[PDB]
Structure formats: structure tokens, C-alpha cells
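S.K.: The chain contents come next:
2 protein chains.
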Amino acid sequence: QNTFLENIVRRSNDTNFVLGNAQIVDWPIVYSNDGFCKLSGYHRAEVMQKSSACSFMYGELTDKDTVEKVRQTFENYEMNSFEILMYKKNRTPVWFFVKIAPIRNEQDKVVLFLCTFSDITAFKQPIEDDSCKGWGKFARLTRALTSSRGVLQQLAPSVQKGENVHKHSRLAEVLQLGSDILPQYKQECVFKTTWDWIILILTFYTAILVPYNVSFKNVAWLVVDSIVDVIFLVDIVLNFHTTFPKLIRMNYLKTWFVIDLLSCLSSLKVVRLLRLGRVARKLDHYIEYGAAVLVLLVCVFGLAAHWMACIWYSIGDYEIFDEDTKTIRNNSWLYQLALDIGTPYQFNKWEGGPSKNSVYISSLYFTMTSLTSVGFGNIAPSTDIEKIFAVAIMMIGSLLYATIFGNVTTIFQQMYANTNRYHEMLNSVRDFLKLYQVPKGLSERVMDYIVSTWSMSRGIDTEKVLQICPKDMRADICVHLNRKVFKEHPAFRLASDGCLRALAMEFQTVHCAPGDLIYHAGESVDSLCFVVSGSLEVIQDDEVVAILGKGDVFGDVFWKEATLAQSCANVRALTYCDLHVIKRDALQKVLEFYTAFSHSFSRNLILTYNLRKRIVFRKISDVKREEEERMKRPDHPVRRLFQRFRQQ
Amino acid sequence: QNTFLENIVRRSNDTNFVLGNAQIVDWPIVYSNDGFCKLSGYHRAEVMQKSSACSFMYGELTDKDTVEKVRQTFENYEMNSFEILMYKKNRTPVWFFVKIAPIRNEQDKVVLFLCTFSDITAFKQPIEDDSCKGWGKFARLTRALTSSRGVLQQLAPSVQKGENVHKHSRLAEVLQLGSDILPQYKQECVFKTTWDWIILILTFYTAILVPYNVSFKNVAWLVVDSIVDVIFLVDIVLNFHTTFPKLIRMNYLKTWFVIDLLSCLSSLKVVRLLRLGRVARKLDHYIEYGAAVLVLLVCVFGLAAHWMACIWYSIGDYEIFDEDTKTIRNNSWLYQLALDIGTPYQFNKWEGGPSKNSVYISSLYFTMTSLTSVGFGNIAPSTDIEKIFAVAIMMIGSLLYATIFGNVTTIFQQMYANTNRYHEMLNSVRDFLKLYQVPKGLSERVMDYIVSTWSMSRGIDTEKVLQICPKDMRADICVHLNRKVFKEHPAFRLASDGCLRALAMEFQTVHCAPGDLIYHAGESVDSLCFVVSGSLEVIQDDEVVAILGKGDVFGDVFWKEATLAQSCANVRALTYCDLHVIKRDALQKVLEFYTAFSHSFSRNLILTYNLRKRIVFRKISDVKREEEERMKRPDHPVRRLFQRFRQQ
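Line by line, the protein sequences give chains A and B. -12 is the number of the first residue of the first sequence in the numbering used here; add one for each residue after it. -12 is the number of the first residue of the second sequence in the numbering used here; add one for each residue after it.
Because the hints were derived from the structure by calculation, they are not lab data. Check the hints yourself; a few may be wrong.
If several chains are the same, the list does not tell them apart, and a pair holds so long as it fits within one copy or across any two.
Claimed, not checked - The calculated DSS-like cross-link candidates involving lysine-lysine, where the alpha carbons are at most 27 Å apart (straight line), are:
no. : residue 1 : residue 2
1   : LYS547    : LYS619
2   : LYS343    : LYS374
3   : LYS471    : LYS75
4   : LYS600    : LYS37
5   : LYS547    : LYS336
6   : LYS313    : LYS606
7   : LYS173    : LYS537
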């Protein structure tokens, strides 16, 4: 987007300016702000289309040498600055400081001119053609140079030598504005995706490995642990730096920085469990995707399984040796587990029982039985704290199983509604056709039409899709849709592009099935048709009169006739035909609007077949009958009727 | 709401009255009831806009002193009462008792007057200008004062001295009506939320603690128990008192009072279980909220878990010692539990086994295994009555789990349909654009438009939302929407507010994307546009002619021209532009209706750019070519065409 005006008016700070066209003779004004309207005393429409030299603002005391200096700076495309007595709408002699900056382009062309203004009346000299008094003209000069003296020469009324300080500072403000004349009238991440992916898999790593290291407590795991720490710190500084600079850093310190700092800095290793705060960055990224939330629920299901498995082992380990009496108590899932798999605990000391890998996967098996509502009961809780933990994990497993089932059911509901609406409309059409006892050929024809247009369109109301777009986008879409007419016919290559869009907005598109007829003989012809694909036959009295191929126009010339006629012939299709039709009313609307186009349209459009003009012909069977009639070789009430035919 | 008429007509009880404007000269009538229409013999329209002094009702025998007394009471705003012979539409001499009450305000202003009437013909004297007989005029007097004598002086025909009793009682009824002249023509809980919250958490408390105290049977718990009792009694008297006074008390005694009284008054502590009847007050309050019903189902799930856990312990305790033979029977979940955790039962007496806290949480673990369909089977039923209880609780747990799963699935279905409709329309648009092979730039443009308007609008058919509102509310919404025009332009600050609404109902609002053009050069200009935000360029022959900023009007003046023209220039947008457009047909409808406004509209509205008037200009490249043409330095069939240009 090109915010060429907004940057100038933001930098300007109550100073005023006009914009003129640098590439047009006499340099006409294309824009003037309200400050220039107030200082000039003119209105926007009255300012624009005048010269940006502001020759209408000149006067008898306006120096012509400054005028040709302005002309030279406009011709040479040169940043300059001048002061000149110019007049207003009330013809007051007002000295102006015009600063002219050419405007380059992305193509570096000198396309515009910027002329900024101020009032230098009080700064130089008061000169009046007539005034009430010297104080009155002086007061008018001070009131005119109000925003010059006021909001720029603030402390300058205390000091002397304002021409040496404050006027030079206003000229330097115009110089910094010329430094800000850079917008030049032109329009002015995958690393984040890959970074969020690798920190997501590392958050899965730490959510597996931290409760593992809490409960069950090499070297290369510590190496990759330090890699996890430094990559997390790099992610913190990237969450500082990257887009949504200092305002997003303050927003990050408000939002998430305390958790993300304490997450990755000896019991406080459980504080590392808060590293899943990074996962909420990706959770919004794939909540729109639906089938991946099933994968999200399965992943958090396994993650919570690993979590509460380590919690379950922690409960067993807290329970076996909770006292200094060192009793096994004959009651724990660890003790029943050691009696189950073998090697019960022994003492010589207290020699441990089961191996830690078997312990972890046995505990994960137990937590999976809990969260999956299976519940075998090999490992099954019998101590107090493990039982209240069992209640807790069963209440969590119910909700996790519910969320999985609801997500799967919603996935199936979308995947089934998208086909169920089509199957239901097909079933209702079959029900309707069976209701009214359509002859089976026509029922099959309408049915295979419905299946064909549902295979082609895939269930898209394309006209409604065009209603979703705005006006110009829909018109340009229609122009691309009717490129198959407009690039092909000589009738349309002389049209204006506005006429192209105002035509293309009226063109329906027909997908004729083979064997299906468009205009039956006797139907109203009200829409000339262009054939962009397929092959057509024209049947007059059971006889093929015209074969229409690609790029042919039939129907009836409306703009010459202005008369509705009957189709003198059937028009049937031979192949899958693509037609681009236009009714006569919209055609006549466009042709009445585009008057200079319509004559060239009449001269260029040659109908391949008039569907009004019945063509006279005889069959060869008829002249064979006439040749047979050599073997054969009152009229007064009827021949007068033939004389009425003579009167006809 | 100001039910100023309804209170008067309810209090009136067949007496009649008029209402007149107290702040308008001559005191015109604003209202007269049907009783006054019947007594006066006049119609409503014929009564209104006459004086409330009813000077048209006066006659030759009407006392002018009473007329100026009425005038003085109207001027001084004074409650008074008079009797006067006045005439009807058939000019009958009818004595009236007018009672005049001024009407104060919320601002205490004397805004209306109330004049109530009756017939005092028979009470004072019969005087006729002419009549058929004395009995006939007397009969007409009795028929006229029918509702006076009938429904007010009921037992007075038995007694004498009706002027001393019944007429004074009718005047006192008018005095009580003046006491009821108080409506004055003006418009005439968080404690319940917090109270229902604290009784809801106390119902959770009693639903946990009463089966606890039934099955497992300090002092501070008894203190807070008595607090529970007194707070429940205060809730009973608040359910008596508070809104939906005596009718809601009778409705409460019909509805819920028997249950709520027996709930909070030694086996009948189980009767305290009916205290959950208060919860049905909150159940209707949060059935509209959907995500909280998941919390409701989880809370009643845990509540039923605690319930049937206490029932399970009650079953075990009933089963261990059901006889006087004192057999342990080697079969109970309590006995298997005591053999599991340790300390089996012993006798010396019968020394108990497991501790009651372990017993309760073990039983709650069992009931959670039942209701969560996990079913480990540490505690697992083996006696008869515990098995039929197990069937009962499994049949309850199936339905509770089903309701949880259905509620979770509905929550996910709402949360997924709201994004799935947008993702499906986006997928169909991408499918349609890929179907017809749009050049990729235009496909990306329409796609980013769709995503931009779905980020801005968030999927709201705002026009349909305006269709939901009624007429005046939709008009006022449109006026607030077009405040960005109406507060800014000098064209609209002279309009009537009806003209403001009838204009604002026609203003579409366009959100122009940057780089997107509104009127292509050659398109029909039929809608003048106001620019309330953004920046626009006007391109005539690939050259910027006019930059349009905030508060500028383009298009074409329709009401002067009454002619449809072509756009002589493209009009493209530079920034995100907000336009408020109006087509020429609705504009011409409004301007034809608001005739006095349309002249000021024509005088005040200055077009920033006529899109009809093509502007003549030359390029500087062209005059550079002309300066080059110094190096270069039959017409008769064509120059006559130029002479035809002279003819043009």
C-alpha cells in the first residue's frame, strides 16, 4: 500500500502543502490539504486543476523573476525554496515560503511535485496596496503568520534576530521535510514455523524427560539437555524480537515472560514442567486445522499418560519406605508388582526388586489402563494415597476420553455432512421423480444431469461465490470467465474495458449435455449465444440445417430488430457444449450505454444462424414424389382465398 | 414506561375525563375517553384540538363567572371543582361536575390538565329552554345522570338528602381521584445472585456431608451445621419474599415449599437429602450457558460418586454383621479390604479393622471405578445385595458417562462449527478459483480479501443484523454508522433528522482494499461517494489527476444533471479506505421527498472530483516531442471531415 499522503501529513505538523502533477503541462494541482485551504482562503475544488505554480495567487507586486525561477525549478525537477508576495481570495498581499520537492518513483520517474507553504509577511516587510492603518495591516500580518510564528517560533518572541534564528529554523524544518519527501508514491515467516516446530518437539522432549528425571532420576542425555536449555533461551530472545519492537517486548513481559524465564533457567526441576507454556504458541496455530487436533489430543493423551505414570511411580516409591521403621507393609503396587514379575525385595540393607525399565513401562501400562477406561487390574491401587490418586486419574481419564470421542465425532460429522447433503438432495430428487411417475428415460436424464453437475461443480454455488467478492473483483472474475469469448471474437476486440466488465457481468454460462436442446422450435429467442466449446445441430423440420462449432454465434440480432421472435428451429447439442449466453435485456442495456461501441458491435458480429429467419427448402423425398406424380397426370371458394394470399 | 392513561382509567371506575395540554395557550384537549364521548355526545376527533375549558360545550345559560373561574384555575394550576350547565351536541342543558387537577412531572412542570366529569342535572334543578313536558325533561335528566346515580349512589334512592350524602360521596370519589392524580406523566438483583451462589455451595456441602454423617456418623462441624440450618431458613423466607408479594408466596407454597420445609427442620436426617431442591433454582439459571453444564455434569458426577460411595459403605456395614450370630462370613468388600490393607478383624468383643478415612476413600475409589467404567476390581462385589447395587450403579454410570460424553461432543461441535463454516467457504472459494484457472495474482487478491473481511467482520452479516432490528432502531443505527459523514460535511448539517434517517438508511459502506479501484474509466457513475477514511488516486490516461483524502466527495452531481454518464477516469485506492456511498436512485428519492433540504444540499455539496467531466491536459513528454518536431520542419477528403468537426 502507498501511504504517500499519510506520511507527509504526519511529518508536516500543522504545515501545509499542495501536490501537483509533474508529468503534465502547466503542472496542475492534484491535492491541497485543509491548511492550504485555510491559508489560501480557497476551496479544494477551486484549488485543484489550477497550476502548482499558483499563478492565480499572483499579483501586481508578485515578482516575475520568482515566477520564472519557479518555472525553472519545475522544469529541471529541482528541490528549491523561495519567498514571494502572493495574493489570496480576498487579494491580500501575503509573503509565502514555498519549498518545492520533486517526487521520484519506484521507477524513479518524476511523477509528482510537492509545494509546501508558510507566511513570511511579518518576517520580511509589510506592504499594502491599501489598508485602514499601519497597525491594522500589521495586525493582519501577525494574524496571517499565526501557525508560522506560534507553533514553530515558540521562544523566539523573547529573543531578537528572528530572521537569523527562527526563520532559519522553519526553513530547516522544511529541509527535514524534504528529507522526508522519500515516500516517492509507491507501495510501502518460514523460520518462525520451523522454529516453533523444533521447540514443539523439544517441549515434547522435556515433558517426557523431566518427570522421568524426577521419578527415576548417561552423559549424552546431559549434552542434549544443555542443547535444550540454550535453544530455549534463543527462543526467549526470539519471542522478544519477532513480530506479533520494544512494544512487543513489553507485551511479552506482560504476557508470558515470567513463566518462560522461570521454566528454563534442585527440586525446582519440577518448575521445568512449566516449559509447556511454549506449546500455547502452537495451539492457536493449529486450532483452525481440525484433523490435527485429533493428533493433538492423542499426543496430550500420551503425554498425560507419561506424566501420571511418573506420578504413579512417585506414589509407589513414597509409599514403600515412608518411615524409618523400613517396613514393606505388604501393600503397594510396587510390592505386588515385585511379587508378580519375580525377585521380591530382600535385605542383607534392602536389596531392590524390579528393574527400573520394567517399573516404568509397567506404570505406564497402569496409567494407560486408567486413561483408556480398560482397567485390567494387574497393577491396581490398594494404599490410601494411591487410591485418591486413582480417583484423580480416573476423573481425568473420563474427560480425556470424552474429548477424544467428541473430537472424533465432530471429524466424522464434517466428513459425513459434506457428502450427506448431496446424497440427501439426490434422494429427494429420486423421491420426487418416483412420486409423479415420470417416464423412466426422462427421470434417468435428469438424474444423470444431477450427478454430472455434481461431479463437475463438486457442489459449488459459483454465483454465490461471486456474490462473496466485491464489485470490481467479481467483474474481473467474470472477465476472466468470458475470456473464451473476448479473446476469440472480432465483435469484442474494439470494446472498452469498462464495456468488457459490464458485459461479462451479464454472461451466463451453460454446460449443455449432449442430446439436450437449448431452443426448441417455437420457443422465444431472447438470448444470443456464443459457443466456446462443443458441437451443435440446428433442426428445422426434422432436418439438420446448421452445424455450429467452436466460436459461433446464434440466437437473433436484437439491437437491429428490437422485436421478440419465435425460434423457427430446434437447436440441439451434439457434444458436451460450453455456451456463454446473454439475454437481450442486459445486452440492450449495455449497448444503450456504450453507444460508440454498439456500432462496431453491429458491424463486427455476424450471426452464424438467425433463429428468427425461417429458411425455405424442399426435401428430396418431396421432389421424388413430384416425379412420381406424372402418373396422376370447385376451386372458386378456395382460390379466392388464394387470391386473399395474393392480398397477403 | 409511562402508563399515565392506564392508571387513570383503572382508578376511574366508569367515570369520564379529558386530558388537555397545560403548556399550550387556549388549553387544547389531547385526550378524551369513550365515557366523555358518550356523555358529551361528541366523537374523539371532534373533541380533540378544542379547549379543555370546553367552551364549545357552553350555552346561553352557562355562567360566565364559572368560565372565568375555570380560566383562573387553569392559569394558576390549581386543583378545583365546579358545577355548570353546559350543552351537548344536541344542545341539551346538562349540569356538569368538572374536577380539574394539574399534572406535575418528574421535572415537576405543569405539563397536562385532567378534567373529570359527571351529571348533576337531577341533583340541582331542571331548567329547559324547551321540552315536551316536565316529566319528559325530568326523564331525560334521570337518563343523563345514569352512571352518576346508578353505580355511585346505590343505596341512596332509599334515603333522603342525596345532596348531603351521595353527591358529597361522588365529590369525595373525585377527591380520591385527585389523590390518584399522582402518576405525573413519567416512566414508572446481585444479592439474589450471591445468595443463590452461597446456598449452591452449601447444597454441595450438605450433599457431601449428610451421607457422610449417615454412613460414617468434632464440634466446629456442628457449629457450621447450625449455620447451614439458619442460612437455609433465611433462604426459605427470601424465596417467600423475593420476585419471580402474597401471590408469589402462594405460588411458592404450591411449587416447592413442602420439600424446602421438610428438607431443613433422627433417621430423618436422610430427609435432609432433599435439600438439593434448592439446586433446581440455579439449574435453570445456567442451562443457557453451555460450557458450565460440563462443570455441572462433573460436579454431579463427583456428587453421585460421594453418594453411592456412602451407599456402598452402608451396604458393606449392613452385610458384615447382619445377624446376631456375629459371623464375618469371609465374604465382603470390607472383609477383603481388611485382608488387603492389613489388620483383619479380631475379637476379645469384635475389634474393628480398617480406619474410617481409608474406608471412605477406598469406597469412593470403588464408586469412581464404577462410574468411570474403568473397573479395576480391588474392591469388587461378591455378596448378593452388593451385586444388585453394583448392577444399579453400573446402570447409573453408563448414563452419567453418556451424558458427559454427549455434552463434551456438543461443546466441541459448537466450537468446531463456528470455524468450520469459514474454513469450508474458504475451501470452496479456493476450489472454485482452481477450477477455472484464474491467473494466480487475481486468485491471491480475492483470497486475501476474503481473509481480510473475515478478520474484520468476524463473520457477521451486518445487513441481516440490521434486518433483525425494527425500523426506527435500524434507522438510528444507520445514523450512528454515518455520523462520520453527517458530523463532518457542511452538506448535511442543515438536514432534518427525518431526512438524516431516510438518508442513512440508504448509505452502503465500502471497505476498499489498497490498490483496488472503485470506478474504472468507462464504468457507470451512479453513486456519489464520501471518503471518511483513507487515500485515493484518480487516474485519467495513466496520470494521477486528483488525490482524495478524508472528507472528500466524488462521483457525479445527479440532481442537477439527471443524466447517467461514464467514468472518465479510474478511481483507485491507496490505503485501506472507508467510503460511504449512496446510489443516485435513493438519493433522488430522498431529495424529491425533502424538497426544502435539496436546495441547501445543492448549495453546500461541492464535488471534490466530477467523474463525468473529462479534463483536458497534455503531457510533458508530448511537448518534448513537439520541441523535437522542429527537425521535421490529399487532405481534402479528410479536412472536410475536420470541417465536419467544424460542423461538430
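S.K.: If you check each hint against the structure, which ones fail?
M.R.: The structure conflicts with hints 1, 3, 5 and 6, although it agrees with all the remaining ones.
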